[PDB]
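**Student:** So you can see what is in the structure, the chains are spelled out below.
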Amino acid sequence: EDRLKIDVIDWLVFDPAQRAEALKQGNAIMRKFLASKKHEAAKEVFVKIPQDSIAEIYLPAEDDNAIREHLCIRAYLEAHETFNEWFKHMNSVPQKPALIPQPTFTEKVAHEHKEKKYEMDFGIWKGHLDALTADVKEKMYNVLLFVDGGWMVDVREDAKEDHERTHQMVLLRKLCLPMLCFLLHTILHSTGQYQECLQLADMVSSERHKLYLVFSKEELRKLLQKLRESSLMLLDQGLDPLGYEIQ
Amino acid sequence: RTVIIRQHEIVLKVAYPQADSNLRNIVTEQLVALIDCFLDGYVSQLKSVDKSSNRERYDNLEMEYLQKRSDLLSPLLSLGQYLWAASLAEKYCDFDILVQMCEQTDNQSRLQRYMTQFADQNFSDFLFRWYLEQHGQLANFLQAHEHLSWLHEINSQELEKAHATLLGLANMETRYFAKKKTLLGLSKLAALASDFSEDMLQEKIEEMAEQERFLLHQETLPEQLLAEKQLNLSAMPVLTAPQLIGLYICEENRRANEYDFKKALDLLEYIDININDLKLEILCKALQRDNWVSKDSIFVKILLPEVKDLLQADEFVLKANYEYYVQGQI
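Residue numbers (the entry's author numbering), protein chains in the order written: chain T1, 667 to 724, 736 to 924; chain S1, 775 to 907, 921 to 1059, 1064 to 1083, 1095 to 1105, 1119 to 1129, 1141 to 1156.
None of these hints come from the bench; they were simulated from the model. Accuracy of the hints is not assured; some may be wrong.
[To be verified] Partial chain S1-side listing against chain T1, Cβ under 10 Å, derived:
(1) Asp-868
(2) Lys-966
(3) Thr-969
(4) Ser-974
(5) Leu-976
(6) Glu-999
(7) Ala-1022
(8) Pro-1024
(9) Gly-1154
[What the hints assert, rightly or not] Subject to a maximum C-alpha distance of 27 Å in a straight line, what follows is the list of computed DSS-like cross-link-like pairs (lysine-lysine):
(10) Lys-785 (chain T1) with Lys-765 (chain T1)
(11) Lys-698 (chain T1) with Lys-709 (chain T1)
(12) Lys-991 (chain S1) with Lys-851 (chain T1)
(13) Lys-887 (chain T1) with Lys-1050 (chain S1)
(14) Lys-887 (chain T1) with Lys-991 (chain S1)
(15) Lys-821 (chain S1) with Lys-865 (chain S1)
(16) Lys-948 (chain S1) with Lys-899 (chain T1)
(17) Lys-991 (chain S1) with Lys-903 (chain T1)
(18) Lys-690 (chain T1) with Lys-709 (chain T1)
(19) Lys-865 (chain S1) with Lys-899 (chain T1)
(20) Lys-894 (chain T1) with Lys-948 (chain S1)
(21) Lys-851 (chain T1) with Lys-698 (chain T1)
(22) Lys-851 (chain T1) with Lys-899 (chain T1)
(23) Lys-1049 (chain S1) with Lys-1145 (chain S1)
(24) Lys-1016 (chain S1) with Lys-894 (chain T1)
(25) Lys-1049 (chain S1) with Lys-887 (chain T1)
(26) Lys-948 (chain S1) with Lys-887 (chain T1)
(27) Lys-1050 (chain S1) with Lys-1016 (chain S1)
(28) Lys-1016 (chain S1) with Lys-1049 (chain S1)
(29) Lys-948 (chain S1) with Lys-903 (chain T1)
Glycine included, C-beta positions come from ideal geometry on N, C-alpha and C.
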């Protein structure tokens, strides 16, 4: 039935006079797929939506929200497109030169070089990494700290009742905000940014976002056993739990 | 001082030789230089016990001298066999720093448990001797006793407990703002994740909401005066109500608007010296900036015999606004 739904979109996109209904329905369809984490499904739909839809449509409470929801959804997708690239890279680290104990004088020199070339690649694989870390992070904070009212949260409050959508928007927050936090923690930990890891407890507990309400009690503790792990590595470095110099 | 020098001279020559020596021989001259070092340390112990009290300065300077030698006899025995360490540690029956680092270099968490089993306050010594410096995380589990508390508390699933100490460390916190902010956030996430009754929880998060309320003040400090005053973004201290009130009103804070003063009048219940001297100081720069609009608004934001008057002029529209300010309050 996947196709039935992703195909009803091209029918609504064809007629430009129904772009407001095409987007709204595109949202709904992408709300079902997100709850299943079908990101190639959600995105295959996301491209069918002409890149210039938003511009033309220009506002009923149903169109202000669907424009916001669409960008929220793009903010979410882009937060998985850049992580899978980053993650793919983290798993392609240059491998150490192989050792040939009891080497011939030939094998000694081939190895002096293979050992010197590797000490060039590992520097760039931290180079490319840093730039894929700086980018995946930004996206994770665009979703977690979504501007003007939080992610998947309507700004317009005068639409007509849509319990399906509304409760789909509360759910999407409880499936994906705990899951984006845990990823960002995994990104920060993987790159050794431990001080910042611990600063996820400010972001989450914050009264500005009230992200902690989107967490189950279990997920919290789990995030608290994740942070205590970053803390350790900060002690091994000689700093206090939170990364500040011990005077 | 010649008797002793000739003994520290043959320790070092009994150290140069075991560098080249058939195994068994290098041990018998080691059980020997252990037999001899244990007679020197016994004679400095007996002279200590001989002298006490007044002229103590000389008796705590001779301690540092025997203590820099049971350290120079220990290091020397750090290469040697540790089977003798147990007897060197007992001969000068404390010199614990040496027998405590021999138990650390090996897997004998059984020896450092046998050491503390027969000891007078070694426990308070092995924890302060771990902090100054795997199974080291089981000794970290015990060393995390003290401010590192919250850590072993999250680990033990003692959340409520972690919340109490996380808030306690948030309060004493004065050196780093960014850190006082982090601790509360953690405390809060600890408490929320814990098992308080909905009543208790509502108390922890309300008494908390207060803390966040004061902090938020230093938090919203404009980004104009913080580069003016050349301040570190996060690496700055936990400021107090006064510093804040006075900094929110500085002539450095250029774009100071209604909200900067309103919050510089909200930080007066955060005090614990002259209240109504400042109440004036601020309402007065509230007018210097007016360039005789803002005074207007801040009287619109308050909703009144707080403000002064004759004391103030200490003038055409100050009284003029103080008339439709007697009609407003009424």
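**Student:** The structure should be examined with respect to each hint, and the outcome stated for every one.
**Tutor:** Taking the hints in turn, this is what the structure says about them:
The restraint placing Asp-868 (chain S1) at the interface with chain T1 is violated, with a minimum CB-CB distance near 28 Å, outside the 10 Å limit. The restraint placing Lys-966 (chain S1) at the interface with chain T1 holds, with a minimum CB-CB distance near 5 Å, inside the 10 Å limit. Taking 10 Å as the C-beta cut-off, the interface hint given for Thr-969 (chain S1) holds, the closest approach to chain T1 being about 5 Å. The criterion of a C-beta within 10 Å of any C-beta in chain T1 is met by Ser-974 (chain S1), whose closest approach is roughly 9 Å, and the hint holds.
Against a cut-off of 10 Å between C-beta atoms, the interface hint on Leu-976 (chain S1) holds, since the closest Cβ of chain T1 lies about 5 Å away. Restraint check, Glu-999 (chain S1) versus chain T1: the minimum CB separation of about 6 Å is within 10 Å; hint holds. Against a cut-off of 10 Å between C-beta atoms, the interface hint on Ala-1022 (chain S1) holds, since the closest Cβ of chain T1 lies about 9 Å away. Because the smallest distance between the Cβ of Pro-1024 (chain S1) and any Cβ of chain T1 comes to about 12 Å, over 10 Å, the interface hint for this residue is violated.
At a threshold of 10 Å, the smallest CB-CB gap from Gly-1154 (chain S1) to chain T1 is about 32 Å, leaving the interface hint violated. Our distance criterion of 27 Å between C-alpha atoms is broken by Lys-785 (chain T1) and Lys-765 (chain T1), whose separation comes to about 33 Å. Simply put, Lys-698 (chain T1) and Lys-709 (chain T1) have alpha-carbon atoms about 13 Å apart, close enough for the 27 Å limit, and the pair holds. At most 27 Å may separate the alpha-carbon atoms for a hinted pair to count; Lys-991 (chain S1) and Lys-851 (chain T1) meet this at roughly 24 Å.
Simply put, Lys-887 (chain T1) and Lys-1050 (chain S1) have alpha-carbon atoms about 23 Å apart, close enough for the 27 Å limit, and the pair holds. Pair hint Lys-887 (chain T1) plus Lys-991 (chain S1) holds up; C-alpha atoms about 16 Å apart against a cutoff of 27 Å. Simply put, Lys-821 (chain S1) and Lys-865 (chain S1) have alpha-carbon atoms about 15 Å apart, close enough for the 27 Å limit, and the pair holds. Taken as a hint, the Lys-948 (chain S1) and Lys-899 (chain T1) pair is honoured in the structure, with Cα atoms around 17 Å apart against an allowance of 27 Å.
With a C-alpha separation of about 23 Å, the suggested pairing of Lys-991 (chain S1) with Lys-903 (chain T1) holds against the 27 Å cut-off. Simply put, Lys-690 (chain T1) and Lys-709 (chain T1) have alpha-carbon atoms about 15 Å apart, close enough for the 27 Å limit, and the pair holds. For the given pair, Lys-865 (chain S1) sits about 50 Å from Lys-899 (chain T1) by alpha-carbon distance, which is inconsistent with the 27 Å threshold. Of the supplied pair hints, the one linking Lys-894 (chain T1) and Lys-948 (chain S1) holds, its CA atoms being roughly 16 Å apart against a limit of 27 Å.
A threshold of 27 Å between alpha carbons decides the hint, and for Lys-851 (chain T1) with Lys-698 (chain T1) the separation of about 14 Å falls inside it, so the pair holds. With a C-alpha separation of about 15 Å, the suggested pair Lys-851 (chain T1) and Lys-899 (chain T1) falls inside the 27 Å cut-off, and the hint holds. The suggested pairing of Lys-1049 (chain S1) with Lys-1145 (chain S1) holds, with an alpha-carbon distance near 21 Å, which does not exceed 27 Å. With a C-alpha separation of about 43 Å, the suggested pairing of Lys-1016 (chain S1) with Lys-894 (chain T1) is violated against the 27 Å cut-off.
Note on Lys-1049 (chain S1) and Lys-887 (chain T1): the hinted pairing holds, with a Cα-Cα distance of about 25 Å set against a maximum of 27 Å. As the CA atoms of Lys-948 (chain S1) and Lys-887 (chain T1) are separated by approximately 23 Å, the hinted pair is consistent with the 27 Å bound. Only pairs whose Cα atoms come within 27 Å are accepted, and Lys-1050 (chain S1) paired with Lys-1016 (chain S1) is accepted, the gap being roughly 19 Å. At roughly 22 Å between alpha-carbon atoms, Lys-1016 (chain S1) and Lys-1049 (chain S1) fall within 27 Å of each other, so this suggested pair holds.
In summary, the hint linking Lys-948 (chain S1) to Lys-903 (chain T1) is supported, as the alpha carbons are separated by about 18 Å, within the 27 Å threshold.
This entry does not satisfy hints 1, 8, 9, 10, 19 and 24, going by the numbered hints stated previously.
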